[PDB]
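Presented below, as C-alpha coordinates, is a lone chain in the form deposited without its partner chain.
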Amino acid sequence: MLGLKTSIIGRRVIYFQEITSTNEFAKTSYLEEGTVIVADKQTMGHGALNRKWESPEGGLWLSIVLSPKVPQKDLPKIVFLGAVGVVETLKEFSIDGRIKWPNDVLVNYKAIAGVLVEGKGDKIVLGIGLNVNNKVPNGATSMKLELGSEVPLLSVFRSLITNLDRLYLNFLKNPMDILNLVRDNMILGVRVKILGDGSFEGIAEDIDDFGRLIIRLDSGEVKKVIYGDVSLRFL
(Lines of atoms letter the chains of each structure in order from A and count residues from 1; the text may use other names and numbers.)
(Lines give C-alpha, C1' and ligand atoms only; values in the text may rest on other atoms or scores of the structure.)
Protein backbone atom coordinates (compact mmCIF):
# COMPACT_ATOMS: atom_id res chain seq x y z
CA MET A 1 0.00 0.00 0.00
CA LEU A 2 3.05 2.28 0.18
CA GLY A 3 3.54 2.19 -3.59
CA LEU A 4 7.33 2.44 -3.52
CA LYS A 5 8.89 2.49 -7.00
CA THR A 6 12.50 1.80 -6.06
CA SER A 7 14.41 -1.02 -7.72
CA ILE A 8 16.22 -2.68 -4.78
CA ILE A 9 16.07 -0.67 -1.55
CA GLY A 10 12.47 -0.74 -0.40
CA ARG A 11 11.35 -3.83 -2.34
CA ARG A 12 10.21 -4.93 1.11
CA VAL A 13 9.76 -2.95 4.32
CA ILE A 14 9.26 -4.35 7.81
CA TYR A 15 7.76 -1.81 10.19
CA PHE A 16 7.76 -2.16 14.01
CA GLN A 17 5.86 -0.09 16.55
CA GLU A 18 8.77 -0.84 18.86
CA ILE A 19 12.06 -2.71 18.47
CA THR A 20 15.29 -3.26 20.38
CA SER A 21 17.48 -2.34 17.40
CA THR A 22 16.73 -2.21 13.67
CA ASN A 23 20.35 -3.12 12.98
CA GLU A 24 20.30 -6.17 15.25
CA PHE A 25 17.06 -7.45 13.72
CA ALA A 26 18.45 -6.96 10.21
CA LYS A 27 21.62 -8.88 11.08
CA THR A 28 19.98 -11.91 12.71
CA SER A 29 17.10 -12.37 10.27
CA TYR A 30 17.18 -13.78 6.75
CA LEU A 31 15.95 -10.91 4.59
CA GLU A 32 16.23 -10.38 0.84
CA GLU A 33 18.53 -7.62 -0.37
CA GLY A 34 16.92 -4.21 -0.20
CA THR A 35 14.74 -5.03 2.80
CA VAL A 36 14.26 -2.01 5.04
CA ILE A 37 13.66 -2.46 8.77
CA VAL A 38 12.03 0.60 10.35
CA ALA A 39 10.58 1.30 13.81
CA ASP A 40 8.76 4.11 15.61
CA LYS A 41 11.23 3.76 18.47
CA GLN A 42 14.25 1.65 19.45
CA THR A 43 14.78 0.52 23.04
CA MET A 44 18.42 -0.47 22.53
CA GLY A 45 19.58 1.58 19.56
CA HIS A 46 23.17 2.67 18.98
CA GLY A 47 25.39 4.17 16.33
CA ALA A 48 29.06 3.99 15.43
CA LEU A 49 31.47 3.15 18.26
CA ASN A 50 28.46 1.69 20.08
CA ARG A 51 27.37 5.16 21.18
CA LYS A 52 23.93 4.70 22.73
CA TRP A 53 21.25 6.08 20.45
CA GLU A 54 18.20 7.65 22.01
CA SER A 55 15.60 6.64 19.44
CA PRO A 56 12.34 8.14 20.74
CA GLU A 57 9.10 8.44 18.79
CA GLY A 58 9.24 11.09 16.09
CA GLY A 59 12.56 10.13 14.57
CA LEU A 60 13.45 8.00 11.56
CA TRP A 61 15.15 4.79 12.73
CA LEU A 62 15.91 2.23 10.05
CA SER A 63 18.30 -0.36 8.67
CA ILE A 64 18.81 -1.67 5.16
CA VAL A 65 20.03 -5.11 4.12
CA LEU A 66 22.61 -5.02 1.33
CA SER A 67 24.81 -7.68 -0.29
CA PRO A 68 26.74 -5.66 -2.90
CA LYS A 69 28.64 -7.76 -5.42
CA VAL A 70 31.52 -5.28 -5.60
CA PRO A 71 35.28 -5.68 -5.01
CA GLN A 72 36.26 -6.46 -1.41
CA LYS A 73 38.02 -3.10 -1.07
CA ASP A 74 34.85 -1.17 -1.93
CA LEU A 75 32.56 -2.86 0.60
CA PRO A 76 33.53 -0.45 3.41
CA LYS A 77 32.22 2.60 1.51
CA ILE A 78 28.59 1.59 2.12
CA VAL A 79 28.49 3.90 5.15
CA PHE A 80 28.89 6.92 2.87
CA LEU A 81 25.77 5.99 0.91
CA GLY A 82 23.84 6.58 4.12
CA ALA A 83 25.41 9.94 4.92
CA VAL A 84 24.99 11.26 1.38
CA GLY A 85 21.44 9.94 1.18
CA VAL A 86 20.55 11.86 4.32
CA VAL A 87 22.16 15.04 2.96
CA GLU A 88 20.18 14.73 -0.29
CA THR A 89 16.93 14.19 1.60
CA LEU A 90 17.58 17.13 3.91
CA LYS A 91 18.15 19.37 0.88
CA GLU A 92 14.74 18.37 -0.50
CA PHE A 93 13.28 19.78 2.71
CA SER A 94 15.35 22.96 2.41
CA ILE A 95 17.85 21.96 5.09
CA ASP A 96 21.58 22.15 4.41
CA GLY A 97 23.32 19.22 6.08
CA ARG A 98 27.07 18.67 6.04
CA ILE A 99 28.93 15.44 6.71
CA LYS A 100 31.10 15.11 9.80
CA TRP A 101 33.38 12.35 8.54
CA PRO A 102 32.78 9.55 8.48
CA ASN A 103 29.32 8.66 9.81
CA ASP A 104 27.48 11.84 10.93
CA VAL A 105 25.43 14.66 9.42
CA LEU A 106 25.30 18.10 11.05
CA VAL A 107 23.27 21.23 10.40
CA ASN A 108 25.08 24.39 11.49
CA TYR A 109 27.40 22.03 13.38
CA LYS A 110 24.50 20.47 15.28
CA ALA A 111 24.03 16.70 14.97
CA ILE A 112 20.91 15.72 13.04
CA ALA A 113 21.70 12.18 11.86
CA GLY A 114 24.03 9.25 12.39
CA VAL A 115 24.93 6.25 10.23
CA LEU A 116 26.29 2.82 11.15
CA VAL A 117 27.30 -0.20 9.12
CA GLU A 118 27.62 -3.72 10.48
CA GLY A 119 28.06 -7.16 8.99
CA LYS A 120 26.72 -10.69 9.37
CA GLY A 121 27.98 -13.24 6.91
CA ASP A 122 28.08 -11.79 3.43
CA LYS A 123 25.29 -9.35 4.36
CA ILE A 124 25.91 -5.68 5.14
CA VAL A 125 23.47 -3.74 7.30
CA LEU A 126 23.28 0.02 6.77
CA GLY A 127 21.73 1.71 9.78
CA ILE A 128 20.48 5.30 9.85
CA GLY A 129 19.10 7.45 12.64
CA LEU A 130 17.65 10.82 11.65
CA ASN A 131 16.11 13.35 14.03
CA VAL A 132 12.82 14.48 12.53
CA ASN A 133 10.12 15.38 15.10
CA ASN A 134 11.63 13.68 18.15
CA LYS A 135 13.06 15.59 21.09
CA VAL A 136 16.85 15.80 20.84
CA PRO A 137 19.71 16.19 23.36
CA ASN A 138 21.11 19.68 23.96
CA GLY A 139 23.52 20.61 21.18
CA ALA A 140 21.74 18.40 18.65
CA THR A 141 18.97 19.36 16.24
CA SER A 142 16.11 17.95 14.15
CA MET A 143 14.19 18.65 10.95
CA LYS A 144 11.37 20.01 13.12
CA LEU A 145 13.66 22.42 14.97
CA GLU A 146 15.32 23.54 11.73
CA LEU A 147 11.99 24.17 10.00
CA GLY A 148 10.01 25.18 13.08
CA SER A 149 7.21 22.84 12.05
CA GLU A 150 6.32 19.16 12.38
CA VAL A 151 7.51 17.15 9.36
CA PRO A 152 5.49 14.21 7.95
CA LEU A 153 7.69 11.27 8.95
CA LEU A 154 6.52 9.09 6.06
CA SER A 155 7.47 11.79 3.55
CA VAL A 156 11.02 11.79 4.93
CA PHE A 157 11.10 7.98 4.72
CA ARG A 158 9.94 8.01 1.09
CA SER A 159 12.52 10.64 0.16
CA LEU A 160 15.41 8.85 1.89
CA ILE A 161 14.58 5.43 0.45
CA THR A 162 14.34 6.93 -3.03
CA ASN A 163 17.73 8.63 -2.69
CA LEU A 164 19.39 5.55 -1.18
CA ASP A 165 18.11 3.27 -3.94
CA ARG A 166 19.49 5.64 -6.59
CA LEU A 167 22.87 5.95 -4.87
CA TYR A 168 23.09 2.20 -4.33
CA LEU A 169 22.30 1.27 -7.93
CA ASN A 170 25.04 3.59 -9.13
CA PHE A 171 27.42 2.31 -6.45
CA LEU A 172 27.13 -1.22 -7.85
CA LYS A 173 28.34 0.09 -11.21
CA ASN A 174 30.49 3.13 -10.38
CA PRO A 175 31.65 2.56 -6.73
CA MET A 176 34.19 5.40 -6.78
CA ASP A 177 31.46 7.98 -7.40
CA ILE A 178 30.18 8.05 -3.81
CA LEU A 179 33.54 9.35 -2.57
CA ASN A 180 33.15 12.45 -4.73
CA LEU A 181 29.68 13.13 -3.34
CA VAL A 182 30.99 12.74 0.21
CA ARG A 183 33.89 15.06 -0.53
CA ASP A 184 31.57 17.79 -1.83
CA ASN A 185 29.26 17.51 1.14
CA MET A 186 31.68 17.13 4.03
CA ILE A 187 33.24 19.57 6.49
CA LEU A 188 36.83 20.27 5.44
CA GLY A 189 39.47 22.94 5.87
CA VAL A 190 38.97 23.07 9.64
CA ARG A 191 40.99 21.86 12.63
CA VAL A 192 40.18 18.49 14.17
CA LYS A 193 41.48 16.21 16.88
CA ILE A 194 41.53 12.45 16.52
CA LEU A 195 40.78 10.99 19.94
CA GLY A 196 42.16 7.84 21.52
CA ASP A 197 45.56 6.17 21.34
CA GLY A 198 48.14 8.19 19.44
CA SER A 199 45.80 11.18 19.51
CA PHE A 200 46.81 14.10 17.31
CA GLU A 201 45.44 17.34 15.85
CA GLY A 202 45.58 18.95 12.44
CA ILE A 203 43.62 20.30 9.50
CA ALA A 204 41.09 17.94 7.90
CA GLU A 205 42.13 18.46 4.27
CA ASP A 206 40.08 15.95 2.29
CA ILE A 207 39.37 12.23 1.94
CA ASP A 208 41.42 10.02 -0.36
CA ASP A 209 40.45 7.29 -2.84
CA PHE A 210 39.84 4.89 0.07
CA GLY A 211 37.64 7.34 2.00
CA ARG A 212 40.42 7.92 4.56
CA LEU A 213 40.50 11.34 6.20
CA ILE A 214 43.68 13.18 5.24
CA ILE A 215 44.95 15.33 8.10
CA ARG A 216 47.82 17.80 7.94
CA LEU A 217 49.48 18.19 11.33
CA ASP A 218 51.09 21.54 12.20
CA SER A 219 54.49 19.89 11.73
CA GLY A 220 53.59 19.22 8.11
CA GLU A 221 53.21 15.49 8.68
CA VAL A 222 50.31 13.94 6.79
CA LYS A 223 48.28 11.18 8.42
CA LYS A 224 45.53 9.10 6.85
CA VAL A 225 42.73 8.08 9.20
CA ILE A 226 40.74 4.91 8.55
CA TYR A 227 37.02 5.21 9.27
CA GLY A 228 35.35 2.70 11.57
CA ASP A 229 36.72 2.70 15.12
CA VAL A 230 37.56 6.40 15.06
CA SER A 231 36.43 9.33 17.21
CA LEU A 232 36.86 12.90 15.92
CA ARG A 233 36.27 16.35 17.41
CA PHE A 234 36.13 19.77 15.73
CA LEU A 235 38.42 22.30 17.39
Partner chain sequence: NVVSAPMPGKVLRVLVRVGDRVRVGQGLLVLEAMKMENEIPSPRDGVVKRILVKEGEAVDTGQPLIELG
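Switch from the form deposited without its partner chain to the form deposited with its partner chain bound and print that structure.
No partner chains or extra molecules come along with it, only the chain itself.
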Protein backbone atom coordinates (compact mmCIF):
# COMPACT_ATOMS: atom_id res chain seq x y z
CA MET A 1 0.00 0.00 0.00
CA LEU A 2 3.02 2.28 0.37
CA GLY A 3 3.67 1.97 -3.35
CA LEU A 4 7.46 2.08 -3.08
CA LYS A 5 9.28 1.25 -6.31
CA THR A 6 12.81 0.66 -5.00
CA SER A 7 15.20 -2.21 -5.80
CA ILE A 8 16.62 -3.04 -2.37
CA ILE A 9 15.93 -0.49 0.34
CA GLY A 10 12.20 -0.44 1.05
CA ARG A 11 11.35 -3.87 -0.44
CA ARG A 12 9.84 -4.54 2.94
CA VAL A 13 8.94 -2.06 5.71
CA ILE A 14 8.07 -2.92 9.31
CA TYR A 15 6.09 -0.23 11.15
CA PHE A 16 5.63 0.13 14.93
CA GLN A 17 3.29 2.52 16.71
CA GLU A 18 6.11 2.80 19.25
CA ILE A 19 9.40 1.22 20.25
CA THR A 20 12.55 1.81 22.29
CA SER A 21 14.82 2.12 19.24
CA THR A 22 14.39 1.12 15.59
CA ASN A 23 18.19 0.55 15.43
CA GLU A 24 18.09 -2.06 18.22
CA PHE A 25 15.26 -3.99 16.57
CA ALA A 26 17.09 -4.00 13.24
CA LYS A 27 20.20 -5.35 15.00
CA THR A 28 18.55 -8.09 17.06
CA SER A 29 16.19 -9.46 14.39
CA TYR A 30 16.93 -11.46 11.30
CA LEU A 31 15.85 -9.36 8.39
CA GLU A 32 16.35 -9.31 4.63
CA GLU A 33 18.69 -6.64 3.32
CA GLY A 34 16.87 -3.41 2.52
CA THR A 35 14.22 -3.95 5.19
CA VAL A 36 13.17 -0.63 6.75
CA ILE A 37 12.10 -0.38 10.40
CA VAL A 38 10.05 2.76 11.14
CA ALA A 39 8.15 3.96 14.23
CA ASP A 40 5.77 6.82 15.09
CA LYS A 41 7.89 7.47 18.16
CA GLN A 42 10.96 6.03 19.94
CA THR A 43 11.29 6.15 23.70
CA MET A 44 14.94 5.10 23.87
CA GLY A 45 16.35 6.70 20.72
CA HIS A 46 20.10 6.26 20.25
CA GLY A 47 22.31 9.15 19.30
CA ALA A 48 25.93 8.69 18.22
CA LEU A 49 28.84 8.61 20.68
CA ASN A 50 26.56 7.59 23.57
CA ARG A 51 24.25 10.63 23.16
CA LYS A 52 20.48 10.26 23.41
CA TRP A 53 18.13 11.07 20.55
CA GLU A 54 14.66 12.59 21.13
CA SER A 55 12.06 10.89 18.93
CA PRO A 56 8.53 12.27 19.53
CA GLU A 57 5.54 11.70 17.25
CA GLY A 58 5.63 13.70 14.04
CA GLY A 59 9.19 12.94 12.98
CA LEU A 60 10.72 10.23 10.76
CA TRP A 61 12.56 7.63 12.87
CA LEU A 62 13.87 4.71 10.81
CA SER A 63 16.64 2.15 10.41
CA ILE A 64 17.76 0.27 7.30
CA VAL A 65 19.33 -3.19 7.16
CA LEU A 66 22.28 -3.23 4.75
CA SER A 67 24.73 -5.91 3.58
CA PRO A 68 27.10 -3.85 1.32
CA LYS A 69 29.90 -6.47 1.56
CA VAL A 70 32.64 -3.92 0.89
CA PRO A 71 36.23 -3.58 2.19
CA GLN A 72 36.75 -1.99 5.62
CA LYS A 73 38.07 1.16 3.99
CA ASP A 74 34.66 1.80 2.42
CA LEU A 75 32.66 1.41 5.65
CA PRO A 76 33.21 5.05 6.76
CA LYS A 77 31.09 6.17 3.79
CA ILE A 78 27.96 4.43 4.98
CA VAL A 79 27.11 7.21 7.40
CA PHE A 80 27.51 9.65 4.48
CA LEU A 81 24.95 7.77 2.39
CA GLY A 82 22.36 8.49 5.04
CA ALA A 83 23.36 12.13 5.42
CA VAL A 84 23.33 12.82 1.66
CA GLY A 85 19.96 11.07 1.29
CA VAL A 86 18.51 13.51 3.81
CA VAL A 87 20.06 16.51 2.01
CA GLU A 88 18.49 15.40 -1.28
CA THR A 89 15.08 14.88 0.31
CA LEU A 90 15.25 18.30 1.99
CA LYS A 91 16.15 19.78 -1.42
CA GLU A 92 13.01 18.31 -3.00
CA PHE A 93 11.04 20.00 -0.23
CA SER A 94 12.80 23.30 -0.96
CA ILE A 95 14.94 23.16 2.17
CA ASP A 96 18.68 23.85 2.04
CA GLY A 97 20.46 21.28 4.19
CA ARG A 98 24.20 21.05 4.87
CA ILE A 99 26.24 18.28 6.42
CA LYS A 100 27.92 18.89 9.76
CA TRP A 101 30.76 16.36 9.63
CA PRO A 102 30.13 13.56 9.58
CA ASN A 103 26.59 12.49 10.50
CA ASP A 104 24.37 15.54 10.99
CA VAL A 105 22.32 17.76 8.70
CA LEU A 106 21.83 21.41 9.53
CA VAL A 107 19.54 24.10 8.12
CA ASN A 108 20.66 27.64 8.98
CA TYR A 109 22.99 25.86 11.39
CA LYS A 110 20.23 24.20 13.43
CA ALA A 111 20.13 20.37 13.51
CA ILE A 112 17.27 18.92 11.50
CA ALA A 113 18.56 15.33 11.25
CA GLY A 114 21.15 12.89 12.56
CA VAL A 115 22.62 9.61 11.26
CA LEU A 116 23.94 6.63 13.25
CA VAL A 117 25.40 3.49 11.72
CA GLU A 118 25.75 0.38 13.85
CA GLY A 119 27.34 -2.95 13.09
CA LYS A 120 26.96 -6.35 14.69
CA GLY A 121 28.70 -9.04 12.68
CA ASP A 122 28.00 -9.14 8.90
CA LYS A 123 25.02 -6.92 9.61
CA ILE A 124 25.09 -3.17 9.20
CA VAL A 125 22.24 -0.90 10.30
CA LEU A 126 21.80 2.64 8.96
CA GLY A 127 19.75 4.70 11.37
CA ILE A 128 18.27 8.06 10.46
CA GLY A 129 16.25 10.51 12.52
CA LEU A 130 14.63 13.43 10.69
CA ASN A 131 12.64 16.19 12.40
CA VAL A 132 9.47 16.71 10.34
CA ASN A 133 6.36 17.77 12.28
CA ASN A 134 7.62 16.83 15.76
CA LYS A 135 8.65 19.14 18.61
CA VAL A 136 12.44 19.52 18.67
CA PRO A 137 15.13 20.29 21.32
CA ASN A 138 16.30 23.87 21.80
CA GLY A 139 18.51 25.01 18.94
CA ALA A 140 17.23 22.38 16.52
CA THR A 141 14.71 22.73 13.73
CA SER A 142 12.28 20.68 11.63
CA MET A 143 10.74 20.66 8.18
CA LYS A 144 7.50 22.06 9.61
CA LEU A 145 9.40 24.88 11.33
CA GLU A 146 11.30 25.67 8.15
CA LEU A 147 8.31 25.56 5.79
CA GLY A 148 5.76 27.08 8.16
CA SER A 149 3.18 24.29 8.05
CA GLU A 150 2.61 20.55 8.46
CA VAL A 151 4.48 18.28 6.07
CA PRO A 152 3.06 14.94 4.81
CA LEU A 153 5.18 12.41 6.72
CA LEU A 154 4.61 9.50 4.33
CA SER A 155 5.69 11.67 1.37
CA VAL A 156 8.92 12.48 3.21
CA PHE A 157 9.39 8.79 3.95
CA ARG A 158 8.80 7.83 0.31
CA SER A 159 11.20 10.54 -0.85
CA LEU A 160 13.99 9.59 1.57
CA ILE A 161 13.81 5.85 0.97
CA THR A 162 13.80 6.39 -2.80
CA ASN A 163 16.93 8.56 -2.59
CA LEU A 164 18.67 6.09 -0.29
CA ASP A 165 18.02 3.18 -2.65
CA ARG A 166 19.58 5.04 -5.59
CA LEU A 167 22.56 6.19 -3.52
CA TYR A 168 23.05 2.67 -2.20
CA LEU A 169 22.98 1.07 -5.65
CA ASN A 170 25.43 3.75 -6.85
CA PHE A 171 27.61 3.05 -3.79
CA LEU A 172 27.67 -0.64 -4.71
CA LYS A 173 28.82 0.29 -8.23
CA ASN A 174 31.41 2.92 -7.27
CA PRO A 175 31.82 3.62 -3.53
CA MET A 176 33.92 6.71 -4.32
CA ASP A 177 31.08 8.87 -5.65
CA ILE A 178 29.44 9.48 -2.27
CA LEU A 179 32.62 11.24 -1.08
CA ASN A 180 32.26 14.01 -3.66
CA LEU A 181 28.54 14.42 -2.95
CA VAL A 182 29.53 14.87 0.70
CA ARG A 183 32.29 17.38 -0.14
CA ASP A 184 29.88 19.47 -2.18
CA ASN A 185 27.23 19.42 0.57
CA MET A 186 29.12 19.85 3.84
CA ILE A 187 29.87 22.92 5.92
CA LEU A 188 33.42 23.90 5.00
CA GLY A 189 35.69 26.87 5.60
CA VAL A 190 34.56 27.27 9.22
CA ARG A 191 37.05 27.61 12.07
CA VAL A 192 37.10 24.75 14.60
CA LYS A 193 38.71 23.74 17.88
CA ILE A 194 40.05 20.22 18.56
CA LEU A 195 40.10 19.40 22.28
CA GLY A 196 41.90 16.81 24.35
CA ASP A 197 45.55 15.80 23.97
CA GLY A 198 47.41 17.88 21.41
CA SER A 199 44.76 20.62 21.30
CA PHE A 200 44.79 22.88 18.23
CA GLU A 201 42.74 25.27 16.09
CA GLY A 202 42.16 25.47 12.34
CA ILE A 203 39.86 25.73 9.33
CA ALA A 204 37.81 22.64 8.42
CA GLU A 205 38.54 22.55 4.69
CA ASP A 206 37.59 19.08 3.37
CA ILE A 207 37.56 15.32 4.01
CA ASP A 208 39.96 12.65 2.76
CA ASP A 209 38.91 9.40 1.08
CA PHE A 210 38.46 7.79 4.51
CA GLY A 211 36.08 10.58 5.54
CA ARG A 212 38.68 12.07 7.89
CA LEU A 213 38.11 15.77 8.42
CA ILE A 214 41.03 17.79 7.09
CA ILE A 215 41.92 20.82 9.24
CA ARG A 216 44.15 23.65 8.05
CA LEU A 217 45.96 25.27 10.99
CA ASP A 218 47.08 28.91 10.82
CA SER A 219 50.64 27.64 10.31
CA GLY A 220 49.56 26.00 7.06
CA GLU A 221 50.14 22.60 8.67
CA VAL A 222 47.51 19.95 7.91
CA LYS A 223 45.89 17.56 10.38
CA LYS A 224 43.22 14.91 9.97
CA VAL A 225 40.51 14.25 12.56
CA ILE A 226 39.11 10.78 13.21
CA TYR A 227 35.50 10.70 14.39
CA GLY A 228 35.11 9.67 18.02
CA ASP A 229 38.82 10.16 18.70
CA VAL A 230 38.66 13.83 19.70
CA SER A 231 36.13 16.49 20.61
CA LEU A 232 35.35 19.17 18.04
CA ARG A 233 33.78 22.58 18.58
CA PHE A 234 32.85 25.41 16.21
CA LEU A 235 34.49 28.78 16.85
